[PDB]
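Engineer: Below are the chains, spelled out letter by letter.
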Amino acid sequence: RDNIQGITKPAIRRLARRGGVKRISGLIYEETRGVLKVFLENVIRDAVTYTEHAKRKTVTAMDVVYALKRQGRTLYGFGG
Amino acid sequence: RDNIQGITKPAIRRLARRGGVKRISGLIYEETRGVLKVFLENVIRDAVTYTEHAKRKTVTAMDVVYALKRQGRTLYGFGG
Amino acid sequence: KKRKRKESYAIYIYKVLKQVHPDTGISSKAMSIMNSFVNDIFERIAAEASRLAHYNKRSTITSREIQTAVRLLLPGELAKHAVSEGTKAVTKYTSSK
Amino acid sequence: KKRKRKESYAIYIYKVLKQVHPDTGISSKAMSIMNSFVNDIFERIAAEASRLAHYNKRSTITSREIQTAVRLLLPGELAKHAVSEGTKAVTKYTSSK
Amino acid sequence: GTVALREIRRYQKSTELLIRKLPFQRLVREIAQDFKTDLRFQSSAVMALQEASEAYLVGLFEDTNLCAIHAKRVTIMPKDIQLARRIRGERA
Amino acid sequence: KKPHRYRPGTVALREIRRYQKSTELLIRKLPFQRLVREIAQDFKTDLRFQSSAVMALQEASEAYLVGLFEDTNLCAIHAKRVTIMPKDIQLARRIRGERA
Amino acid sequence: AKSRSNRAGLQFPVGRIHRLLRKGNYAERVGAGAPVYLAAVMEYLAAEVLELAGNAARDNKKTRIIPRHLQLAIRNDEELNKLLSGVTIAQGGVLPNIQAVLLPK
Amino acid sequence: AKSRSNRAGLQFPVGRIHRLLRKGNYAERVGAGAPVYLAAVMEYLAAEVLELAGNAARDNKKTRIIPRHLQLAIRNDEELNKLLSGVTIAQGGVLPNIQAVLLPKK
DNA sequence: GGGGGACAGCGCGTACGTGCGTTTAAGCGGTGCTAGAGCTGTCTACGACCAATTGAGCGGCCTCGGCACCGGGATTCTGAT
DNA sequence: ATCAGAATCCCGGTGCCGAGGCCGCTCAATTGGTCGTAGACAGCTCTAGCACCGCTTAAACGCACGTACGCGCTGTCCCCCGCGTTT
Numbered sequence: 024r025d026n027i028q029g030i031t032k033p034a035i036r037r038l039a040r041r042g043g044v045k046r047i048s049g050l051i052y053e054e055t056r057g058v059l060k061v062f063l064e065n066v067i068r069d070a071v072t073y074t075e076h077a078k079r080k081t082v083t084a085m086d087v088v089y090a091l092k093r094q095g096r097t098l099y100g101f102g103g
Numbered sequence: 024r025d026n027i028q029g030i031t032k033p034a035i036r037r038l039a040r041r042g043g044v045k046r047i048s049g050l051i052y053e054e055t056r057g058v059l060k061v062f063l064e065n066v067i068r069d070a071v072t073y074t075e076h077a078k079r080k081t082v083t084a085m086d087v088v089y090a091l092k093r094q095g096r097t098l099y100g101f102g103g
Numbered sequence: 027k028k029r030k031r032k033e034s035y036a037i038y039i040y041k042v043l044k045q046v047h048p049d050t051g052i053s054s055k056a057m058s059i060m061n062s063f064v065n066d067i068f069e070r071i072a073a074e075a076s077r078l079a080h081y082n083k084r085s086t087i088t089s090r091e092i093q094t095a096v097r098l099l100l101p102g103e104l105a106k107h108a109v110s111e112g113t114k115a116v117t118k119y120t121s122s123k
Numbered sequence: 027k028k029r030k031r032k033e034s035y036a037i038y039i040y041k042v043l044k045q046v047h048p049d050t051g052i053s054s055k056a057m058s059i060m061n062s063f064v065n066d067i068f069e070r071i072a073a074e075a076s077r078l079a080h081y082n083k084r085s086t087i088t089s090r091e092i093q094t095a096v097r098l099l100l101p102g103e104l105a106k107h108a109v110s111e112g113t114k115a116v117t118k119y120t121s122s123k
Numbered sequence: 045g046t047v048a049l050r051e052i053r054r055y056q057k058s059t060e061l062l063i064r065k066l067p068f069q070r071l072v073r074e075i076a077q078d079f080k081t082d083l084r085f086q087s088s089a090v091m092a093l094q095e096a097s098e099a100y101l102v103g104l105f106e107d108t109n110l111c112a113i114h115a116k117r118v119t120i121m122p123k124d125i126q127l128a129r130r131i132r133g134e135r136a
Numbered sequence: 037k038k039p040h041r042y043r044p045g046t047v048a049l050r051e052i053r054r055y056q057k058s059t060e061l062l063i064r065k066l067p068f069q070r071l072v073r074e075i076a077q078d079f080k081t082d083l084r085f086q087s088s089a090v091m092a093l094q095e096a097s098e099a100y101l102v103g104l105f106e107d108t109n110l111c112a113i114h115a116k117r118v119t120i121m122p123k124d125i126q127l128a129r130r131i132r133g134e135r136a
Numbered sequence: 014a015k016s017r018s019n020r021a022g023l024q025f026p027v028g029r030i031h032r033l034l035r036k037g038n039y040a041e042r043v044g045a046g047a048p049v050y051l052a053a054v055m056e057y058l059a060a061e062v063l064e065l066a067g068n069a070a071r072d073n074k075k076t077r078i079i080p081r082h083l084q085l086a087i088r089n090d091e092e093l094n095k096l097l098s099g100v101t102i103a104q105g106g107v108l109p110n111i112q113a114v115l116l117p118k
Numbered sequence: 014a015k016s017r018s019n020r021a022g023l024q025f026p027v028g029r030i031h032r033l034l035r036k037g038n039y040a041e042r043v044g045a046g047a048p049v050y051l052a053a054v055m056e057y058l059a060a061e062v063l064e065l066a067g068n069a070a071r072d073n074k075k076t077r078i079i080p081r082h083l084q085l086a087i088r089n090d091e092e093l094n095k096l097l098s099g100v101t102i103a104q105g106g107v108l109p110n111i112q113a114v115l116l117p118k119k
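Protein chains in written order, with the entry's author numbering: chain f, 24 to 103; chain b, 24 to 103; chain d, 27 to 123; chain h, 27 to 123; chain e, 45 to 136; chain a, 37 to 136; chain c, 14 to 118; chain g, 14 to 119.
Just so you know, the hints here were simulated from the structure itself, not pulled from any lab data.
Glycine included, C-beta positions come from ideal geometry on N, C-alpha and C.
One or more of the hints may lead you astray.
[What the hints assert, rightly or not] Below are the DSBU-like pairs computed for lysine-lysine, each with C-alpha atoms no more than 30 Å apart in a straight line:
hint : chain 1 : residue 1 : chain 2 : residue 2
1    : b       : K60       : g       : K95
2    : a       : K116      : g       : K36
3    : a       : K80       : b       : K78
4    : d       : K30       : f       : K78
5    : c       : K118      : d       : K123
6    : f       : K92       : g       : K36
7    : c       : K15       : d       : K118
8    : g       : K95       : f       : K80
9    : h       : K27       : b       : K80
10   : a       : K65       : b       : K78
11   : h       : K106      : h       : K41
12   : d       : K30       : d       : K44
13   : a       : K57       : g       : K118
14   : e       : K116      : f       : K78
15   : e       : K123      : g       : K36
16   : b       : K32       : g       : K118
17   : d       : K28       : h       : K27
18   : c       : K118      : e       : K57
19   : d       : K55       : e       : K57
20   : d       : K118      : d       : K106
21   : b       : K92       : c       : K15
22   : c       : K15       : b       : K78
23   : h       : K83       : c       : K36
[Unchecked claim] Rough simulated footprint, nothing fancy, chain a against chain e, three-plus residues with beta-carbon under 8 Å:
hint : segment
24   : 99 to 105
25   : 121 to 130
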């Protein structure tokens with residue numbers, strides 16, 4: 024199922040007003056979903072590459088944070 | 024001596040024309056010189072630190088490449 | 027039947043918290059985030075020291091290499107104060123031998 | 027009295043150049059730029075392979091580690107082109123072994 | 045206007061995941077289905093992906109907000125997102 | 037008769053088209069070398085420099101300034117203007133994250 | 014018999030850091046004072062981070078340090094935000110900040 | 014007798030890459046097929062770079078590769094622009110690009 | 001010297017903020033099971049190390065020809081008409 | 001639409017200095033041999049990922065309505081710019 028519509032426009036509205044926006048256009052949501060799809064098409068692909076390299080098929084959180092720090096987004100949290 | 028006047032107005036004008044700027048304001052030059060000072064006082068200071076580790080008082084181009092690749096500005100040129 | 031022994035610094039994190047804040051507690055995910063920060067800073071300083079040792083064609087890392095790595099990686103006075111106290115952290119390390 | 031024996035790829039890149047474009051020359055500045063490019067991408071792939079060996083808690087780098095490093099660092103169809111040419115290079119090297 | 049800025053001030057203090065985790069998990073599984081078939085995901089991996097994606101898009105949203113403020117406007121535009129991705133280097 | 041004067045902006049686009057197909061250093065070499073020595077005098081005195089180091093610093097600074105001017109022009113075009121402003125420069129810097 | 018951590022005046026394990034540096038494949042030989050200096054630097058950074066977290070914890074009357082305190086204490090400092098620029102904190106967020114044009118008139 | 018470069022048919026060296034991997038403090042144990050893989054990858058990347066540079070040189074009626082040809086070759090290719098994003102090329106410049114609103118009005 | 005461009009003011013209207021009924025499925029939580037991550041044993045093929053050998057990689061010289069440079073013809077926008 | 005007028009592209013004459021070919025050294029790749037050792041593979045276990053489903057309700061969809069800001073237009077006033085002269 025196509026779950027890109029699962030990111031509803033009230034959720035994108037709450038996320039945008041979290042960042043400090045008071046007026047959000049209606050066309051913001053489509054490009055926001057596209058950028059989220061690009062980010063989850065890169066990072067999860069890198070995690071799939073790590074999990075395939077590890078002779079596994081369960082995606083761990085350490086592969087996720089490895090993909091995040093590979094692209095320059097260092098994350099402190101799950102995995103260690 | 025102070026060499027803030029060494030970066031002349033036609034030099035910044037030519038750098039803006041190479042950057043594709045149709046019209047240049049008069050206050051562009053001061054902030055452009057300030058950003059140049061900030062970038063130089065980062066890169067040259069890192070090069071001085073690299074030279075000071077190497078027990079030398081001569082700043083070579085290889086330490087300049089080291090300081091540029093430390094800050095993410097990859098350069099393929101003099102030094103190697 | 028334990029699985030494996032962990033490799034973290036949570037007891038040392040709690041001890042450092044006890045020297046700084048004797049009355050303030052910590053949570054588990056805060057210690058996980060702090061341990062991730064410790065591991066990232068350790069990896070950054072170790073990689074910078076390894077690169078700087080490879081730049082001067084030296085296979086041995088001494089205290090001067092990691093002093094220069096701390097100077098390069100840390101801006102502000104946080105390196106410079108670490109220039110001083112870490113040096114005397116060397117000195118009473120050498121005075122205790 | 028020579029100074030030192032340097033390390034460069036002046037012969038190999040010129041050999042590939044005459045393999046592809048036999049009527050095209052190149053300058054020494056472009057030679058230095060190309061050598062710096064080759065050394066930097068080699069350092070990137072070596073660092074990725076070392077980090078992937080430490081990722082699997084392994085002290086040995088095999089062909090699969092550099093396969094994964096090429097698949098990760100290179101985007102586009104050049105990654106799978108390099109994977110195909112590396113697999114056929116490994117089989118033709120082991121067949122000639 | 046007033047209640048929007050009031051919940052903005054509330055939401056600069058709050059820290060919960062605004063994206064519901066089940067549709068985000070379904071989207072993650074849907075995207076990962078294209079790469080490798082029959083994949084499993086740890087829950088901490090999904091939570092880390094959710095937190096990092098939310099932080100990245102909040103940074104993109106505040107970049108969009110400052111871009112729209114710079115454009116003598118207060119309502120954001122998709123071209124602000126395009127300019128932010130172009131200057132940020134995230135636009136291919 | 038009146039002298040032949042081109043329109044304001046046509047000459048500017050003419051040197052943009054000339055300088056987008058050029059590989060020369062717009063900054064003069066010796067004032068830039070004096071500036072590099074003056075900057076390095078702040079950190080450590082009696083420092084010697086190679087000419088290749090000065091040329092590499094000048095090329096990197098010129099490329100960084102060209103990219104900064106490109107982002108500034110993008111910000112000025114986004115603000116419905118053809119003239120760049122200092123606010124465009126600080127906007128491009130804070131999007132790039134170069135302001136600490 | 015006697016640990017090198019207390020002989021160096023620190024508390025972090027110098028032997029663990031030296032063992033991690035030895036098999037971390039950074040150099041052929043590892044010196045003695047370099048892991049001591051590393052332990053001192055990370056101990057000072059840990060002390061600064063934890064004391065700013067204690068500042069943020071006593072701002073909101075909390076006797077337990079949460080990562081909200083870490084998020085509010087890693088971004089208010091200009092030097093720590095400069096060092097940790099692209100660092101993402103789990104269960105974090107942004108500082109409370111509103112632009113001047115967004116204020117009501 | 015026979016070198017490993019001619020054994021795998023690759024122009025790029027294998028012994029130099031293997032020595033650099035062994036003495037580069039990368040891993041304790043270094044494989045045998047990995048330098049061959051690295052030499053093949055470097056050879057293909059070099060061949061693609063010089064092929065695009067030769068295309069740019071034959072576009073400009075030149076038989077010698079100037080760094081302007083490298084600038085026009087790397088930045089025009091989207092894979093080389095994406096991978097070598099922060100790479101500054103010495104003695105180069107920018108692609109010929111003028112914005113639509115900066116064009117003169119007709 | 002000036003003229004186009006940044007900036008300020010004012011009306012259009014529409015597009016998004018706000019409120020509420022309604023639907024939509026999100027969230028919490030017991031249950032099983034089972035594929036698989038991880039741990040343990042073995043022994044083995046692959047790699048580090050020592051030493052003699054060599055042939056290709058690199059320093060030095062050269063001579064040449066690809067491109068640097070000049071002017072005059074032709075082209076091509078370009079302002080005034 | 002239509003005019004000449006400067007900026008620039010191109011072609012021929014020529015010249016000149018880095019670039020590749022050659023000479024010759026020399027040092028790291030090559031190969032033979034040996035011993036260490038990390039992991040390939042197979043059983044064994046135990047664990048959480050996934051699927052499921054029922055109850056409660058948080059929240060999204062969407063319609064109605066409103067009003068305030070993008071945006072088109074107009075006026076203004078001045079800021080660099082093209083060009084001439086001097087350092």
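Engineer: Against each hint, give a clear statement of whether it holds in the structure.
Structural biologist: Evaluation of the provided hints:
no.: 1; hint: b/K60 <-> g/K95; verdict: holds (29 Å)
no.: 2; hint: a/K116 <-> g/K36; verdict: violated (57 Å)
no.: 3; hint: a/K80 <-> b/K78; verdict: holds (13 Å)
no.: 4; hint: d/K30 <-> f/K78; verdict: holds (20 Å)
no.: 5; hint: c/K118 <-> d/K123; verdict: violated (69 Å)
no.: 6; hint: f/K92 <-> g/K36; verdict: holds (27 Å)
no.: 7; hint: c/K15 <-> d/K118; verdict: holds (15 Å)
no.: 8; hint: g/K95 <-> f/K80; verdict: holds (29 Å)
no.: 9; hint: h/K27 <-> b/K80; verdict: holds (26 Å)
no.: 10; hint: a/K65 <-> b/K78; verdict: holds (28 Å)
no.: 11; hint: h/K106 <-> h/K41; verdict: holds (24 Å)
no.: 12; hint: d/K30 <-> d/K44; verdict: holds (28 Å)
no.: 13; hint: a/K57 <-> g/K118; verdict: holds (23 Å)
no.: 14; hint: e/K116 <-> f/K78; verdict: violated (54 Å)
no.: 15; hint: e/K123 <-> g/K36; verdict: violated (50 Å)
no.: 16; hint: b/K32 <-> g/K118; verdict: holds (28 Å)
no.: 17; hint: d/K28 <-> h/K27; verdict: violated (66 Å)
no.: 18; hint: c/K118 <-> e/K57; verdict: holds (23 Å)
no.: 19; hint: d/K55 <-> e/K57; verdict: holds (19 Å)
no.: 20; hint: d/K118 <-> d/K106; verdict: holds (19 Å)
no.: 21; hint: b/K92 <-> c/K15; verdict: violated (43 Å)
no.: 22; hint: c/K15 <-> b/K78; verdict: violated (36 Å)
no.: 23; hint: h/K83 <-> c/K36; verdict: holds (11 Å)
no.: 24; hint: 99 to 105; verdict: violated (count 0)
no.: 25; hint: 121 to 130; verdict: holds (count 5)
Consistency with the previously given hints fails for numbers 2, 5, 14, 15, 17, 21, 22 and 24, ordered from lowest to highest.
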